[PDB]
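Next up: a single chain in C-alpha cells, the form solved without nicotinamide-adenine-dinucleotide (NAD).
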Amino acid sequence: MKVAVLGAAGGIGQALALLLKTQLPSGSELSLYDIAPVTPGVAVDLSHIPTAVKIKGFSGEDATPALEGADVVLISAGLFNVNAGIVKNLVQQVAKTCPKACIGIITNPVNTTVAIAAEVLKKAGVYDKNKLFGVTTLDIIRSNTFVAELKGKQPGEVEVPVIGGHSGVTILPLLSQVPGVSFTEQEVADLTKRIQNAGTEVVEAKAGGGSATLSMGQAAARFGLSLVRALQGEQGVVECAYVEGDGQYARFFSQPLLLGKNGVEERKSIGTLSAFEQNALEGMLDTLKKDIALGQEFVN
C-alpha cells in the first residue's frame, strides 16, 4: 500500500511525512512530491529511519513519477486563488495517473478545495464520491484536547464527533454525544467558540510565523493511517471526513464514515443533535453552501 504526499516540503508536509514514515504499517511505501528542489533530500533524510516503509522523493513540475502505483494521495501543497489553482493542478495530475487512489485534500480552505477536486475528477470522468476526502481530523483532535482538559479526562480516551465544514461557523462539534460527559450551556458555547477559532489561536501565537503545521500533520497522519488500515481490510474503521454524501444539508458535508477496501464503505448518520447543535447546523448551512459554490465556480 503506497501513500503519495503532494506538497511534502512544506511545514504540514514534512510533519506528515515524518509521522507516516514512522507509523505506516510494515511493507508500506511513501512517495514525497513538491516543487521545492529539497524534496528528494527530504525522503533520503527520512529513509535513514529504521522502519519497513520504502520512501522516495521527487521534485519538478511533474508529480506523475511520485503518483505511480499510489493507493492513497494526500494533497497538502500551498492567496486563495494561488492555493486553489495548486489544488486543481495536482488533482488533474492525479486523474491522469491513478484514477483509483483515495484522495485526501488537506490544503485549505477545505470546504472549497474539495469541491474543486470533485469538479476536476468529474471533468476527467474518473470521479468516485467514495474516494475523495476533505481532511477535517484537526477539528476532532482539537475537540478531544479541549474537552479532556475542561473535563479532566485522559486526552487519548476522549472522542468528539465533529460534523459540517472545516472553517469558522461550519465546524460543529457534537458535544452532546461525548459518552459519560455532560456540559453546561455555557461550556458548550465556550468550547464551540474555541474549536471554531482554534486556527486563529495558532496564527496569533505564531506572531505571523504561520498557521498550524505540526498538529495538522498529526491529524492528517491519523486520517491517512485509518485509510491505509481500511484499505488493507481492517474492520470497523470509522473516521469523520468532508465528503460528497446524500446532500441532506449540503453537497459536501463532514460526517462519520465507515471506511473500507474502496474508500468509503458506509456514510453513518450524524445521530441525535441537541437544540444548540441543530440550531448551529442550520445557521451555518448558507455559509457552507457558498463555500462549496466558490469551488464549483473556480473550476466551471
The other form holds:
2 protein chains.
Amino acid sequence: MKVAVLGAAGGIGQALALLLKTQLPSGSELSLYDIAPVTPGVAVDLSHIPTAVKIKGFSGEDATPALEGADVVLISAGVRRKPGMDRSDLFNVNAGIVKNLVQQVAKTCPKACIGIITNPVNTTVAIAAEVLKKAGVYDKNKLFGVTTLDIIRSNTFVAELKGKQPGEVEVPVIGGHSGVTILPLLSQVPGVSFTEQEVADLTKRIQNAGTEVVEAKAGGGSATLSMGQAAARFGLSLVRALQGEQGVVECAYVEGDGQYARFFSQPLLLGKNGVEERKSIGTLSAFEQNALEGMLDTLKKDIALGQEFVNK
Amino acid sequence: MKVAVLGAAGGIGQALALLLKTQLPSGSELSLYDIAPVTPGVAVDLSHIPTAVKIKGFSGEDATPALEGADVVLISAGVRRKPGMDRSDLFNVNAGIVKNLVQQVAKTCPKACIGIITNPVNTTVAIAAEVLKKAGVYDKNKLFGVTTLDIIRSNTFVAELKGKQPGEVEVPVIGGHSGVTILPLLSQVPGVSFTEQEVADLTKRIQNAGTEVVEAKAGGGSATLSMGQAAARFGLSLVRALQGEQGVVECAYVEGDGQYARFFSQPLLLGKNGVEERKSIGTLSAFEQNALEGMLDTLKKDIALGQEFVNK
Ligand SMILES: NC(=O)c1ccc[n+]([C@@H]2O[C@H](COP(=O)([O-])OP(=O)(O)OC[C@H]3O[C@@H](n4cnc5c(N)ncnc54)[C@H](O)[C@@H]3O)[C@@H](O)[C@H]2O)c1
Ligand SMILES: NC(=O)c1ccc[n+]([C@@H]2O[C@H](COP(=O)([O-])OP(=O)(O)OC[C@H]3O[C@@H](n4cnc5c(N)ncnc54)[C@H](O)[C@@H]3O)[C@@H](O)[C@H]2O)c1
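Condition change, the form solved without nicotinamide-adenine-dinucleotide (NAD) to the form deposited with nicotinamide-adenine-dinucleotide (NAD) bound:
Below is the entire complex, every chain and molecule, led by the chain shown above.
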C-alpha cells in the first residue's frame, strides 16, 4: 500500500505519521505533504526509525508528488478551534483548504480511499463529495468522514465507569461529529448495563469531550495525540481491508441510503473496494431513538452548507 | 511503575508521551511536567486513549507533584539547535535547566532511575551526577545518558545497505553522543560484513545524522519523532528490568570504571536496581581502536565542562 498524509506537519499529522511509520505492514510506503517548509525534514526524522516502511516528505503548493500511486489518502490539514468556538466556526478557514486538496486528489489518484479528518467533518465531507462529483470521479464507497475518535473516547469512558479493561470494550457511535450529532449507542455495549442516569451523563461527557480538551489546552490547540491514535486505527483498518482481510468493521461518516441524512455515520464492513456493506444501526433504546430524531435537522443543515460552498 | 516525563510539552516530550501511553504495561502511571501552560491539556488529550495507564499533567515552576513516587524519570526539557550549530553550543541555555530539574529529583525521588535526554548529553549527565552528589544522594547505577537514537539510526542505515530486515539488525554503539564521540561497533554486527570503505562511509553517516535532520528542518528544529521512539525504547527497557525481567541489555552513557573516561557509553545488563553489570566492549577492529583513541580528549573535556558548572 501507499498511504499519503496531507497536512503532515501539524499536531495531528506528526502523531499520525509517527504511528503509521511504526505500524504499517512491511513493504508499505508513506508520503507526507504540507505547505509548511519543515515537512521534508519531518520525513527525514521519521526515516531513521528501523521499520520496513519507505517514507518521503513534500512541501510547497503542489501535492501531486505525494499523491502519485496512493491507495489511501488521510487529510488532516486545517486550523484548530480556540476556547469559546464551535467546530462549525472553523468553516471559513477550512472549507477552501479541503476543496483545494480534494481537487488535487481527483486529478492524481481518483481511485484512492479518502479519509477526511479536517473540521467541521459533517460539512467538509460534503465539500469533498461535491468536488469529486464535479470531476466526474466520485465513488461513494471510498469517501470517509473520520469519526474514530468518538469511538475510542467512548471505550475509555465506559471502561472506567464500569471497571472494565479499556482495550476490551467497543462502543458503536452513530450520527456525525459535532456536539449535537455524536450518538454513542450505549444500549448495544456487550456485557455492560447502565442506569438511565449513567446513560445521560456518559452521552454528555462523550459529546463534549472535544471542548474538554480545547478548554484544557487554553489556546494551545485541540486534541492532537489522541486524534493521531484514532486516525491511525482507521487507516490501518482501511489498509487491512484493502489487502483482503475479512470482517474488518468500523463506524465512519459516509454517503449511504439517506434514511436519516445524505451522509451518516454507521457501522461499515470494509473490503477491497472501500465500504463493502453499510450495516444496520440495530435496535435503539428510547433515549437513543429520541436523541437521533432530535439531531436530524442540524445534521442536514451541516450537509447543505458543504454542498452550497461547492455548488454556488 | 510510575514514569515521570520532565519536558513533556516539547516535540520530543509529546511523541514520547504518546508512545509510553500506548505501550507501558497495564497498571502503569505516567505523569507529565513542563513549565509550558498547555501541559495539563496534553495529559487530558492522552487520557482519552483506551489503555490501562493513568496519566496526569502538571505545569508551573514546581515539579514535585509529577515526581512523587516516580520509579523512572525521563528528562527532555531544553532548547534545540539551529543549522550551523553544534550540540555543545547548547550548553549556555540548557545547563541551568538540567541543574534545576535534577535538584527537584534529588529532593523528591532520589531512588528513581534517571534518563537524561537533554543536549549536550556528554556534559549534562556530568551536571546531573554532581548535583546528585552535592545532595548526598548519587547512585551511579541509576543515572543514564540516553544514546538510544544512535543505536536505532545504525540499525536503519546497516539494514538498508546490506539488504537486511531493519528490525532484525542490532548494532552496538559506544563512546558518547556528539559528532566526534559516536562510535558504532560495525565489526560486531552478527551476520554482516563490511568493506573498509563501507565502514568509513557508514560511521560518518551515523555520526552526522543529527545534523542531517537539523539541516533538513531548516530552522524548524531537530529530531523529535525518531528521538521519541528511541527514548520510549530505552524507557520500556528500564521498566522491564525494574519489574524483574532477565537479560535486558542496552547501551547507555553511564559512570563506570573510568578506563576510558569518567562517563562512557557501553553495553549494560539492566536489573532491579538500575545497571546490573557494565559489559565488555569486546574486540575492536583497527578502525574502531583508532576512532576510540582519537575521541578520548574531546570526551573528557565535555565531562570536565559539566563538573565545572556545578562545582565553581
Ligand atoms: N472530525 C474529527 O474527528 C477531526 C479529527 C482530527 C482533526 N480534525 C480537524 O483537522 C484539523 C487539524 O488541526 P491540527 O490540530 O493538526 O492543527 P495544526 O495547526 O497543528 O495542523 C494543521 C496543518 O495544516 C497545514 N496546512 C494548512 N493548509 C494546508 C494545505 N493546503 N495543505 C497541507 N497542509 C496545510 C498547516 O501548515 C498545519 O501543519 C482541524 O480542522 C481539526 O479540527 C477533525
Ligand atoms: N542526547 C540525545 O540523544 C538527545 C535526545 C533527545 C533530546 N536531546 C535534547 O533534548 C532537548 C529537546 O528539545 P526538543 O526537540 O523537544 O525541543 P522543544 O523546544 O520542542 O522541547 C523542549 C521543552 O522544554 C521545555 N522546558 C524548558 N525548560 C523547562 C523546564 N525547566 N522544565 C520543563 N519544561 C521546560 C519547553 O517548554 C519545551 O516544551 C534538546 O536539548 C535536545 O538537543 C538530546
